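Just the one chain here, laid out as structure tokens, in the form solved without the ligand.
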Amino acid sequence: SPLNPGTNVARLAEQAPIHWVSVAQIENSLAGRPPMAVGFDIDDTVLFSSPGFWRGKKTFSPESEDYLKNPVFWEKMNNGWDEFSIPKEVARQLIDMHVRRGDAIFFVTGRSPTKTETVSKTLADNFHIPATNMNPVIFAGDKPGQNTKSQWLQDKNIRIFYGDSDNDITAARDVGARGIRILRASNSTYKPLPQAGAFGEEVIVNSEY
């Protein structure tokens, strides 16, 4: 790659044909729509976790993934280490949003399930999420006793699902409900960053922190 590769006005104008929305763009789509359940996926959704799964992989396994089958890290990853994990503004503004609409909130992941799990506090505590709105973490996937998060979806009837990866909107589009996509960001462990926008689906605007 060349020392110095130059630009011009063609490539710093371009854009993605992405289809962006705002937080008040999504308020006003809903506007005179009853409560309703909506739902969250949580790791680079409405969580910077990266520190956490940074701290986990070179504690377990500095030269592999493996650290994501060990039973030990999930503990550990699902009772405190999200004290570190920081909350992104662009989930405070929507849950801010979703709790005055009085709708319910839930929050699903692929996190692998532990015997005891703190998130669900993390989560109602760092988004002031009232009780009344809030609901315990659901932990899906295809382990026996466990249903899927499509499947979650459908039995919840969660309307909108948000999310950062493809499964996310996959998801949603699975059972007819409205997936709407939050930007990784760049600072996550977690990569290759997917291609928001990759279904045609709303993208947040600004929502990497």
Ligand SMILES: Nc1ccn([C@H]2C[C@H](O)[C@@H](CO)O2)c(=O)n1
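C-alpha atoms forming the largest set that superposes within 1.5 Å between two forms make up the rigid core. Residue numbers count along the first chain shown, from 1. Compared with the form deposited with the ligand bound:
- Residue shifts between these two forms, rigid core superposed: of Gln151, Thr170, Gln146, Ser61, the only C-alpha displaced by 2 Å or more belongs to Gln146.
If the structure you just shared is the form solved without the ligand, then what does the corresponding form deposited with the ligand bound look like?
FYI, this one's just the chain on its own, none of its partners or other molecules.
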């Protein structure tokens, strides 16, 4: 592409028509609503867990995505590799806000279920989630052709679902819940990045970290 592409002020100022929101705006929108269930995606929503998925790929399938169907990978991923996962600031702020509200907090992930998992502990510890707000992580798995999260959102009566992927937002849509998008960091190993805002949903500002 051109050595010196240049730019112009129409481009510099250009904004995609995205419904951006802040955590404060979300909290304000909920003012006075009693405790309810809310849910969070995990990967690239509350944890930058690319370190573990990157290790998994290099270890289990350097040339493919097969590691994601490998039980030996999931056993490592769910039982300690989140020691290297970096909690997202947007998640600290959202989880603190939902604890303030007295909301029930659920995590619903496309990760595969394993025999044991330490992920619930990592989340409760890192985010300072009290026992009463915390719920064990739901490992909904990944099955092409099905949104495995939708039925879980329904079963737990989740009213807000935060996530980075299109299927997080459409899971919320499927059940009539409010789907709010978090930006996936640009150094995530899960590419391409989704188009945040592509269902006209709210997207949290500065939510890449």
